[PDB]
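Every protein chain except one is present and positioned as in the full complex.
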Amino acid sequence: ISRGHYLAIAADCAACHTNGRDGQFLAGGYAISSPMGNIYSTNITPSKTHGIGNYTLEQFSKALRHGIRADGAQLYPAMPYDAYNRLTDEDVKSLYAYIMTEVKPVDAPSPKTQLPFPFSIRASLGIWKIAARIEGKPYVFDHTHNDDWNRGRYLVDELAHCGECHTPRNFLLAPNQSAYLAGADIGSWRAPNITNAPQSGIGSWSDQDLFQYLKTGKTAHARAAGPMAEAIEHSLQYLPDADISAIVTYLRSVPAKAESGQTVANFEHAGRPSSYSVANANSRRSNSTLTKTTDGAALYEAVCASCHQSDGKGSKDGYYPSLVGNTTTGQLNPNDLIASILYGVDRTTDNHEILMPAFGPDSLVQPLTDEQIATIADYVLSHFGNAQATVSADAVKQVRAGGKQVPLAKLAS
Amino acid sequence: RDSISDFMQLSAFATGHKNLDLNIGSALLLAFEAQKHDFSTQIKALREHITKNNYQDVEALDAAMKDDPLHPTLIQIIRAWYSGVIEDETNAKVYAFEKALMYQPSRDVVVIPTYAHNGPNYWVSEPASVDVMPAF
Partner (left out) sequence: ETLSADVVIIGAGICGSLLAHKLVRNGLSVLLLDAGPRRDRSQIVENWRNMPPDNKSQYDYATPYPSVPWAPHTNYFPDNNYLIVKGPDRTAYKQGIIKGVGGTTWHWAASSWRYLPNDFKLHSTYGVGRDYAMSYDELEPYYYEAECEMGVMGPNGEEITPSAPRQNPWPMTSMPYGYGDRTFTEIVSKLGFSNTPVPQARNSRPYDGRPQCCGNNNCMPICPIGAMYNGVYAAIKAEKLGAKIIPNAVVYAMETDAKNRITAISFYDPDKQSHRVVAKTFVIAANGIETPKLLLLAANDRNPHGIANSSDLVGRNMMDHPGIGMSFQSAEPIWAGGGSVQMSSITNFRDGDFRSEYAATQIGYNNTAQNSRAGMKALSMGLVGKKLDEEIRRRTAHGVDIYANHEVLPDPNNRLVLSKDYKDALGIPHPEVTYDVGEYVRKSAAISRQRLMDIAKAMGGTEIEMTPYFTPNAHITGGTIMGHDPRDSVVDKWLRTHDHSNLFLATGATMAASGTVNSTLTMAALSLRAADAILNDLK
């Protein structure tokens, strides 16, 4: 592939500008659940009428790195232009060439983004950009480190923008560079700590495990779900092995950001040798549409034990992950576990599709209430994952709603 | 704790398998005691027979107790441990599924239905020999 095509893949610029698996390529129309509402990706195909076909190199660079549209309107920071700001001029030119000459134009307008006041006006984004310290010089290599470290830093920060989800935001929804890659809540999902912290972060991960997780999303202790599954299946699985190795090299040098109340790594939680009782289920026969099944062990056995075995160790071939020693169950924050139960896992790598069925209200296999999901998650945490973590029905409801509402979103009421 | 320990030891001797679930054993003992009020006495008598005659395995005990009145109780214990039920009707209580001993001789090949074997296409592989008893 061309250099511009590779840069577009690495930057994952198509995962958001394509509405979905059955959406037009780079045509926009994909809804991004921002804290203040839904922001829609715009048409990117070089359509001179409905896309960015009339963009010059300077206008395209401005839109990509400074969040300024062709007309001068400020782009919403759902655009990771705060990450693309430090892209090199050559990379921007290659991306522009790929967009103009290698993407077929699509003549179809995208839905307009309508945000509530005071976020309706895209002119206050100027001093928001000023307060976010977005501006910065184009990336240059740090001669103190080797080329692998520099390339990995470029991939992590500028292209793949891992900090967009893994670095927490401050009150003004700007990146908090003090807690670099320390973990963040990005809605219904939480991006965990991926610093070099041995217990809080991914410091205890083996290099092979980290490489395999980044390349495929599947590892004996961690599986990619939600936004990370999309990132892997749209960008990371197509990166060369050298790029993933460079990313791992840079990640191993990220300063550690410890979490409060952490003693062992997220994948180092042993499983309790406990389970449910078959005898206790006899009273629940002739009791269709389970409502009297309030036992967490019984609910887990009825709903989840088929794939993840009753001991929680999954299948022998590893297709069904072991809930014991799993980073999602072993997290002190049970956000990812609740999200996995609610929405399932769907990751397509190498044209082969993982699928966990969803178990939320909209489930086809087995809808579960907030109390049932909370009970199942509590059982999983106490027996297979972090015993110090707890789940309530209110937490499940909050995850369903799209996570905790940010304080800044209260202004639009 | 004496009754449950004796029942578990007799069950380990009778089924020929040491690894037996303690909770399943307790439930089976409670159900047996509810059904038969002198079950503890029969368990004790079977244990005295085993110790006095020094039966190495359940084969010898079964062969030497074909007409003894304690044979039905031993066969009932074996059936309860293997099938997971004690009665023989449709509303009989099930005390062990996926842990009942009759699913174990074929666990390495045959699926216990509502619990998955390893992966959504595992069956493309050749099965093991019938002459190799897996485990347990």
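Labels for the chains are A and B, by order of writing; each one numbers its residues from 1.
Convention: a contact is a pair of C-beta atoms (placed from the backbone, for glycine too) under 8 Å apart; a residue touches a chain by one contact, two chains touch by 3 or more.
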*asked:* With the missing chain put back, one of A:365, A:387, A:401 or A:411 would touch it. Which one?
replied: A:365
*Out of B:51, B:54 or B:121, point to the residue that touches the absent chain in the complete complex.*
B:121
*Which of A:39, A:303 or A:395 touches the chain that is not shown?*
A:303
*Residues in chain A touching the chain absent from view*: 278, 281-282, 284-290, 293, 298-299, 301-303, 306-307, 319-320, 344, 346, 353-358, 362, 364-367
_Contact footprint on chain B, counting only the chain that is left out_ = 14, 16, 57-59, 62, 75, 78-79, 82-85, 88-90, 92-94, 97-98, 100, 102-106, 109-117, 119-124, 126-127, 130, 133
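The rule is simple: only the chains that are shown with their structure count from here on.
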*Quick one: chain A and chain B, Cα centre-to-centre, how many Å?*
49
*Complex contacts: residues of chain B adjacent to chain A*: 23-24, 27, 84, 91, 93-99, 114-120, 122
*asked:* Help me check something: in the complex, which residues belonging to chain A touch chain B?
replied: 277-279, 281-282, 285, 305-307, 309-310, 315-320
